[PDB]
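Listed next as structure tokens is one chain, alone, in the form deposited in one PDB entry.
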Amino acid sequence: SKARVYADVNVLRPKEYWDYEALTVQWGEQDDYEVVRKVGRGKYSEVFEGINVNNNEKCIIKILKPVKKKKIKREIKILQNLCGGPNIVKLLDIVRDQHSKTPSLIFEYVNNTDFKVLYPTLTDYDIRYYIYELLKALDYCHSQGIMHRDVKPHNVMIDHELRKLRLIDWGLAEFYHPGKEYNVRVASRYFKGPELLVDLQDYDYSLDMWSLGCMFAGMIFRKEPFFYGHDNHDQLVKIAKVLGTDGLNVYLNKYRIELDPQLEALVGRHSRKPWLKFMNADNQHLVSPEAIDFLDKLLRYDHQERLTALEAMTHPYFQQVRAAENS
């Protein structure tokens, strides 16, 4: 399996672009930034609201609990490579304690409203608008040879007053190299693509499109999380009860995958459930034939069949958003 789009990006670019293990950092002034309060909490990180003590502007400060040098370098190099791209969080500085050398990444501040509060207030047009903004970010990182691998509402900062969206938390992100077999312990359970759940290791940018689909379904139907599995095995079961097992069996056969017999028995046999069965009186103002058709073109077992971020942006569901972005 190889990516349909952007497959050879990292071949064409200089080795220094993607060879993050070779990164040297030019460390900024640690004293320029102070930590004000915790916005919590990592496993390696803690994140804080901070202040730039020069201009008094707010920032966000992520202190990287000490840390495999390799993953720190990966995150920094990716952030540097993407800085300036549309709707990508901006890494403003990189500093560290002169003695313990504890690094802190310094980000632009976004006045976020948590999705559990914000999403219930969004209109039909608001969802269209923000999903389009998110697709800009994904097409950009993909075009730059990078997979995000942790798309979810928790990683999408929105300042609703400012109509401003940023994709954050690039700590799971990776460079795409054709035929490379990646770690499947990526993304959050409810957002894991079928490829991760069946251990198809040579996945690509299209993983982010499945995740985006899960998020989208949650938003338009108000069923969050949309695929609500109790463990990684049950996650595949929940997906199967909706898309149906016919498509799952064809997918497994195509990529020459055989499920562990235990997981096969758990999945069972199911018919496809039509998307309209999720519509109800509470969510019907967010649901349209174009929303359903867009959803349907993202949530495919076969990662090769999913819309690319670029293709997604051409979907009729976005027609009014594109119309306003006009002179």
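Residue numbers count along the first chain shown, from 1. For the two forms, the rigid core is made up of the largest set of C-alpha atoms that agree within 1.5 Å on superposition. First, how it differs from the form deposited in another entry.
- Rigid core superposed between the two forms, residues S143, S188, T102, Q80 considered: the one with a C-alpha shift of 2 Å or more is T102.
- When two forms of a protein are overlaid on their rigid core, residues whose CA moves 2 Å or more are considered shifted, and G40 is one of them between the two forms.
- For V67, a C-alpha deviation of 2 angstroms or more is recorded between the two forms after rigid-core alignment.
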The other form holds:
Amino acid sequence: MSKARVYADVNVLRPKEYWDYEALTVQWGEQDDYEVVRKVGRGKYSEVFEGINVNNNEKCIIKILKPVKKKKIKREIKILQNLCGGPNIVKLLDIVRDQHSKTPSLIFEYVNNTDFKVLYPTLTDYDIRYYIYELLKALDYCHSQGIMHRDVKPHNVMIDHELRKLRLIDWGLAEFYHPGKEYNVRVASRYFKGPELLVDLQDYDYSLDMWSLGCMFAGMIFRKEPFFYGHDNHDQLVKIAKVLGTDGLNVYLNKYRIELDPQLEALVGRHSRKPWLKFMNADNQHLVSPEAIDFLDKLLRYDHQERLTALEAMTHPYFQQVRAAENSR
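Please supply the corresponding structure for the form deposited in another entry (the preceding block corresponds to the form deposited in one PDB entry).
Only a single chain is listed, so you will not see partners or other molecules.
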């Protein structure tokens, strides 16, 4: 029992050719056009390398999918094609065929990539507001286009601290939102899983990405990543319940008349709420501001419907200075 408080009819008002990724036909490119130049990472069921080009001869990114169903490949490509152009979203340049074995390869643009395991700890109070903001612009866009990312995490938020640039990547788990549809809950990463996924409220929506965002943010301001250090889907809910309090979860479970399975309810037991301020400590005092906490507090709400929307969040007084810089440039 749930609907999206915003952009719900986006796909209901658009041409079937928009969200029906199955009825797609890939206009592959020439493998010859691209050559691997240096591996650079991993992207969940996909190896990634820094490559070159067709005739431009410029840096790019080659993501050789890990042979999954033809189904998910159309999905990722389609969604990327719909989001091509939006603020801070990764732009797809090509979609060649399998040079080697079993899969095709997506060609993007060079993202000078930097590390959140070393970057984040150096970020200043203002650098955060700035990037979370830029990320928000990216989320409000895909959401405005009826698409949920479903895998927001530090890793899929590549920042170029030098160019002050940010890009949202890996839309391999992304999906089109349709009113009242029940999606699978085996999405995103555990530490950023919204409670909905953990109680099995399948008719979720864009608001899922906002919870994940909240998890990143928290790990940023409190300097404790991951913030919800769960050891498995069940312990993820407990690790959360131990912070937000079980009272909140009970109200949540009733509202959506969802019954928590045995073995899960016991493992969650009953815990009081923990004031955000109790996570403050030396290493994170220069970032934990009343405004930050308030913003964080409005992102991490059991009830997905209670969470802020990408658009609402960008107007929060917390980002007030970041905004006051674009209306001046």
